[PDB]
Amino acid sequence: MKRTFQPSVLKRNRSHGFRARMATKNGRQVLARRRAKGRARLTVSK
Amino acid sequence: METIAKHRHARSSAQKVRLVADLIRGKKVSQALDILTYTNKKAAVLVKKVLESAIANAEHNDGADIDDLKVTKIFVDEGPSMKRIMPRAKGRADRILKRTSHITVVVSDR
Amino acid sequence: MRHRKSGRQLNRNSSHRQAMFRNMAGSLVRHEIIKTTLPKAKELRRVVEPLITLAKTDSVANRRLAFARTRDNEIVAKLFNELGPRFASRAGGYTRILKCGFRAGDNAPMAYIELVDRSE
Amino acid sequence: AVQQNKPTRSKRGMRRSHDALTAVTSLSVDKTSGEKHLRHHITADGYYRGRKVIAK
RNA sequence: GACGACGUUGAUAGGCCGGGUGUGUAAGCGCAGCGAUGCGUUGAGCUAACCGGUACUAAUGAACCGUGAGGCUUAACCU
RNA sequence: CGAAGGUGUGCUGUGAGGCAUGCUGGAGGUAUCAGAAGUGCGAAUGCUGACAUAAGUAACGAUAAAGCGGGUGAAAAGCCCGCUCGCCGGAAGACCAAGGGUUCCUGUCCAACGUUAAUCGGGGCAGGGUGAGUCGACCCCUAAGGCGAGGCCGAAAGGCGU
RNA sequence: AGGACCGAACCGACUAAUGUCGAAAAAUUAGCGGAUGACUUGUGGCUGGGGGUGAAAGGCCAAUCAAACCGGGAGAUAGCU
RNA sequence: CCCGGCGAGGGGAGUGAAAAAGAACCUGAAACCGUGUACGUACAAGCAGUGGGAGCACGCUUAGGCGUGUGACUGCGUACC
RNA sequence: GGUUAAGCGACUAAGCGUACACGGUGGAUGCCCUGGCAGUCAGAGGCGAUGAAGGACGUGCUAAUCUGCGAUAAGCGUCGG
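If you're matching them up, the sequences are chains D, s, n and B in order.
First residue of the first sequence? That's 1 in the deposited numbering, and the numbers climb one at a time after it.
First residue of the second sequence? That's 1 in the deposited numbering, and the numbers climb one at a time after it.
First residue of the third sequence? That's 1 in the deposited numbering, and the numbers climb one at a time after it.
First residue of the fourth sequence? That's 1 in the deposited numbering, and the numbers climb one at a time after it.
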């Protein structure tokens with residue numbers, strides 16, 4: 001079947017990327033919670 | 001004088017090695033080598049490779065006599081498991097556990 | 001229910017079955033011995049013994065007859081050209097089956113087929 | 001296809017009363033070579049009723 | 001798995017010769033036709049399991065489990 | 001010259017228990033009398049770890065197809081070669097973008113992985129290989145569209161936008 | 001010329017089978033409807049939970065939809081096991 | 001050092017207080033799984049126990065008979081929450 | 001002593017049951033700590049455009065990862081202990 005995750009890096013980057021999530025203040029809290037919860041991989045990097 | 005040989009973690013199950021190592025209970029060695037050279041199985045690859053290693057432990061460490069040399073006890077006992085995951089249908093898995101077994105061969109002159 | 005039938009199926013379709021027994025009988029006379037399982041040994045016999053039967057009384061037409069059933073003239077070259085005086089007197093069987101033993105691959109009853117007259 | 005009440009290890013044993021491997025003790029000795037093969041079979045060195053039958 | 005037939009004092013299987021059966025005029029030559037093809041050879045040839053024989057090959061000497069006159073008591077017959 | 005714990009044993013109390021002791025064990029335990037509670041488990045389709053059962057049953061993943069000889073090797077229906085057989089051929093062929101990121105290749109190894117064995121493998125150990133003024137991007141130019149200097153607008157964030 | 005005809009690709013899902021502890025959390029073989037249109041596909045964007053979007057089935061919104069999912073109120077509450 | 005596939009695994013030897021401390025390593029219970037010895041068992045049915053009990057097998061005392069194991073057969077008896 | 005009959009009658013155990021001795025899997029119990037929770041007591045109560053918190057990629061004799069550090073890279077100078 002046409003399964004749901006038909007992936008890319010172009011869909012991925014402009015949605016869940018760094019400068020996307022660290023654009024707005026509501027995004028920024030996720031970057032300031034993934035920090036404080038001590039996650040290694042912040043959002044997506046290659 | 002008495003001697004023991006063990007193959008530990010033989011990659012099979014207990015009933016698979018119990019069946020051929022039921023015939024060689026209470027036998028002499030040369031009739032046991034001849035009943036294991038022509039038993040068409042995998043455990044007869046297993047324990048006959050080890051039963052000849054037991055008589056080596058006689059001719060070298062214990063009693064060099066092999067002609068009138070008995071096998072007293074032989075008992076295959078269980079071992080660990082390799083718990084892999086098998087996929088069954090409709091999304092649900094299946095905890096397979098690839099079985100493993102231990103065999104002792106005990107050789108002496110009662 | 002098999003009652004008075006013959007010719008074991010050997011778990012292949014008839015088209016596959018016939019085409020194997022060609023390329024074993026082609027292989028049989030070229031190396032003079034084959035290892036097979038017991039039934040194929042027991043039923044390559046019922047197939048090959050026509051060939052050296054229909055090759056003692058040599059003709060022009062029987063060359064194609066052992067080419068319609070063989071389609072391998074190199075095997076037909078060994079027939080009729082050595083096998084003639086090799087088998088003048090044997091009114092009947094030409095295979096001495098040997099029960100060899102057991103296949104260490106998959107526990108088959110292995111065996112040995114040969115032509116009787118062996119000196120090499 | 002299901003079990004409703006698990007059988008004991010007793011009846012599990014008596015089902016295994018007949019699994020025992022048939023012994024193949026009936027070896028043979030050669031006529032004129034003296035060695036030992038299995039009956040109606042050939043040796044490791046190609047002997048069968050005192051003949052080098054396969055020469056392997 | 002059992003039951004049955006045999007194991008060189010052998011026809012139990014396979015092969016083989018023959019017959020039987022089934023399909024129909026094999027192939028290869030020669031003739032008639034520019035040719036497809038038709039005629040002769042030729043009711044030929046080929047023929048699964050069928051039937052009757054022939055030991056040609058495969059069914060070996062052994063080895064093996066099974067023993068070594070069968071308990072007690074009474075009655076009836078042996079002397 | 002042997003603590004707790006474990007495992008049997010003889011005794012003892014109305015029971016919850018206690019006391020002595022054989023073996024295993026190898027460094028801690030605790031009387032009498034009192035103080036405080038994460039204080040006593042069979043259940044709750046309780047949670048977690050482990051092990052049975054069905055069972056040596058079912059199944060081995062398309063009904064394209066094998067068969068033979070040789071070799072390597074401790075062992076070969078499956079690995080390497082040769083010989084035929086069979087299957088695909090607007091594909092089960094060969095290139096590219098996406099997407100995966102050593103999965104390619106030689107030496108070497110079989111514990112584990114490969115729904116089997118395995119000398120083989122897209123598996124592990126080790127080393128190697130990707131070479132562009134023209135190929136694609138990066139780069140110069142915009143669409144849909146997202147931000148958005150001044151600004152308009154809005155409790156605050158922020159929304160729209162040149 | 002055709003929202004024209006026949007029929008592959010592409011697409012869709014009608015009928016039966018099989019499967020339904022599946023080879024698959026919706027498939028495979030045999031057919032079936034269309035196939036220059038109101039079509040089909042790729043890539044890149046925009047819309048948002050009482051809100052999106054809908055040739056309207058309460059269908060679809062990451063296998064879940066008569067109000068998605070994560071966290072937070074919150075150890076809600078439970079005359080009920 | 002022997003045997004094995006110059007594998008795994010294992011038996012000796014050596015260290016060490018001990019390898020029934022060996023890298024899956026202190027201690028190592030239970031379920032589950034086998035080995036051996038002893039007894040019962042293939043005409044008997046049924047919550048599988050309890051009351052009675054022959055024979056056999058053993059540790060012993062003291063030789064009179066207890067203890068432990070099994071337990072033919074028999075009287076009652078339909079698990080727990 | 002032998003013979004026919006009649007009555008009665010163990011050892012057989014493919015496996016299975018129970019108890020002991022033996023390990024087999026298993027990793028609970030007792031014991032252990034450089035691990036963590038709750039606080040007493042002072043001190044601090046900030047880091048940040050002479051570039052942060054949190055990361056990427058490099059640095060050694062080195063393959064890798066952790067600690068430290070940053071083309072001066074497990075470290076430099078400097079004044080002391």
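Incorrect hints may appear among the rest.
As the list claims (entries may be wrong) - The list that follows gives simulated cross-link-like pairs (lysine-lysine, DSBU-like), each with its CA atoms no further than 35 Å apart:
| no. | chain 1 | residue 1 | chain 2 | residue 2 |
| --- | --- | --- | --- | --- |
| 1 | D | 11 | s | 27 |
| 2 | n | 42 | B | 11 |
| 3 | s | 83 | B | 11 |
| 4 | B | 6 | s | 98 |
| 5 | s | 73 | B | 52 |
| 6 | B | 56 | s | 98 |
| 7 | B | 6 | n | 99 |
| 8 | B | 36 | n | 42 |
| 9 | n | 40 | s | 16 |
| 10 | n | 99 | s | 42 |
| 11 | B | 6 | s | 16 |
| 12 | s | 42 | n | 56 |
| 13 | s | 16 | n | 78 |
| 14 | n | 78 | B | 52 |
| 15 | n | 99 | B | 11 |
| 16 | s | 6 | s | 90 |
| 17 | B | 31 | s | 83 |
| 18 | n | 56 | n | 99 |
| 19 | n | 42 | s | 49 |
| 20 | B | 11 | s | 41 |
| 21 | s | 90 | s | 73 |
| 22 | D | 37 | s | 83 |
| 23 | s | 98 | B | 36 |
| 24 | B | 6 | s | 28 |
| 25 | s | 49 | n | 40 |
| 26 | s | 42 | B | 36 |
| 27 | n | 40 | B | 36 |
| 28 | B | 56 | n | 99 |
| 29 | n | 99 | s | 70 |
| 30 | B | 31 | s | 98 |
| 31 | s | 42 | B | 11 |
| 32 | n | 5 | s | 49 |
| 33 | n | 40 | B | 11 |
| 34 | s | 70 | B | 6 |
| 35 | B | 6 | n | 35 |
| 36 | s | 49 | B | 6 |
| 37 | D | 11 | D | 25 |
| 38 | B | 52 | s | 98 |
Don't read these hints as lab results, they were simulated from the structure.
A quick look at each hint next to the structure:
1. Distance restraint check for residue 11(D) and residue 27(s): the Cα-Cα separation of roughly 74 Å exceeds the 35 Å cut-off, and the hinted pair is therefore not satisfied.
2. Distance check on the hinted pair: residue 42(n) and residue 11(B) sit about 43 Å apart at the alpha-carbon level, beyond 35 Å; violated.
3. Between residue 83(s) and residue 11(B) the CA atoms are separated by roughly 28 Å; this keeps the pair inside 35 Å, and the hint holds.
4. Of the pairs offered as hints, the one joining residue 6(B) and residue 98(s) holds, with about 24 Å between alpha carbons and a cut-off of 35 Å not exceeded.
5. Annotation: proposed proximity of residue 73(s) to residue 52(B) is violated, straight-line Cα distance about 41 Å (limit 35 Å).
6. With a C-alpha separation of about 39 Å, the suggested pair residue 56(B) and residue 98(s) falls outside the 35 Å cut-off, and the hint is violated.
7. Of the pairs offered as hints, the one joining residue 6(B) and residue 99(n) is violated, with about 47 Å between alpha carbons and a cut-off of 35 Å exceeded.
8. Between residue 36(B) and residue 42(n) the CA atoms are separated by roughly 25 Å; this keeps the pair inside 35 Å, and the hint holds.
9. Annotation: proposed proximity of residue 40(n) to residue 16(s) holds, straight-line Cα distance about 30 Å (limit 35 Å).
10. Taken as a hint, the residue 99(n) and residue 42(s) pair is honoured in the structure, with Cα atoms around 22 Å apart against an allowance of 35 Å.
11. A hinted pair counts as satisfied when its Cα atoms are at most 35 Å apart, and residue 6(B) with residue 16(s) qualifies at roughly 23 Å.
12. Note on residue 42(s) and residue 56(n): the hinted pairing is violated, with a Cα-Cα distance of about 48 Å set against a maximum of 35 Å.
13. As the CA atoms of residue 16(s) and residue 78(n) are separated by approximately 50 Å, the hinted pair breaks the 35 Å bound.
14. Distance check on the hinted pair: residue 78(n) and residue 52(B) sit about 26 Å apart at the alpha-carbon level, within 35 Å; holds.
15. Restraint check for residue 99(n) and residue 11(B): the C-alpha separation of about 41 Å exceeds 35 Å, so the hint is violated.
16. For the proposed pair residue 6(s) and residue 90(s), the alpha carbon gap of about 43 Å is over 35 Å, so the pair is violated.
17. Using a Cα cut-off of 35 Å, the hinted pair residue 31(B) and residue 83(s) is violated, with the two alpha carbons roughly 53 Å apart.
18. A threshold of 35 Å between alpha carbons decides the hint, and for residue 56(n) with residue 99(n) the separation of about 29 Å falls inside it, so the pair holds.
19. For a cut-off of 35 Å, the pair hint linking residue 42(n) to residue 49(s) stands: about 34 Å separates their Cα positions.
20. About 26 Å separates the Cα atoms of residue 11(B) and residue 41(s), which keeps this hinted pair within 35 Å; it holds.
21. For a cut-off of 35 Å, the pair hint linking residue 90(s) to residue 73(s) is broken: about 48 Å separates their Cα positions.
22. The suggested pairing of residue 37(D) with residue 83(s) holds, with an alpha-carbon distance near 33 Å, which does not exceed 35 Å.
23. Annotation: proposed proximity of residue 98(s) to residue 36(B) is violated, straight-line Cα distance about 38 Å (limit 35 Å).
24. For the given pair, residue 6(B) sits about 41 Å from residue 28(s) by alpha-carbon distance, which is inconsistent with the 35 Å threshold.
25. With a C-alpha separation of about 33 Å, the suggested pairing of residue 49(s) with residue 40(n) holds against the 35 Å cut-off.
26. For the proposed pair residue 42(s) and residue 36(B), the alpha carbon gap of about 22 Å is at most 35 Å, so the pair holds.
27. Between residue 40(n) and residue 36(B) the alpha-carbon distance is near 27 Å, which keeps this suggested pair within the 35 Å criterion.
28. Between residue 56(B) and residue 99(n) the CA atoms are separated by roughly 15 Å; this keeps the pair inside 35 Å, and the hint holds.
29. For the hint linking residue 99(n) to residue 70(s), the alpha-carbon distance of about 33 Å falls within 35 Å, and the restraint holds.
30. Distance check on the hinted pair: residue 31(B) and residue 98(s) sit about 47 Å apart at the alpha-carbon level, beyond 35 Å; violated.
31. Between residue 42(s) and residue 11(B) the alpha-carbon distance is near 27 Å, which keeps this suggested pair within the 35 Å criterion.
32. Straight-line distance between C-alpha atoms of residue 5(n) and residue 49(s) comes to about 46 Å, which puts the hinted pair past the 35 Å bound.
33. With a C-alpha separation of about 42 Å, the suggested pair residue 40(n) and residue 11(B) falls outside the 35 Å cut-off, and the hint is violated.
34. A threshold of 35 Å between alpha carbons decides the hint, and for residue 70(s) with residue 6(B) the separation of about 41 Å lies outside it, so the pair is violated.
35. Between residue 6(B) and residue 35(n) the CA atoms are separated by roughly 49 Å; this puts the pair beyond 35 Å, and the hint is violated.
36. This hinted pair does not check out: residue 49(s) and residue 6(B) have alpha carbons roughly 38 Å apart, beyond 35 Å.
37. Restraint check: the Cα-Cα separation between residue 11(D) and residue 25(D) comes to about 22 Å, which is no more than 35 Å; the hinted pair holds.
38. Simply put, residue 52(B) and residue 98(s) have alpha-carbon atoms about 45 Å apart, too far for the 35 Å limit, and the pair is violated.
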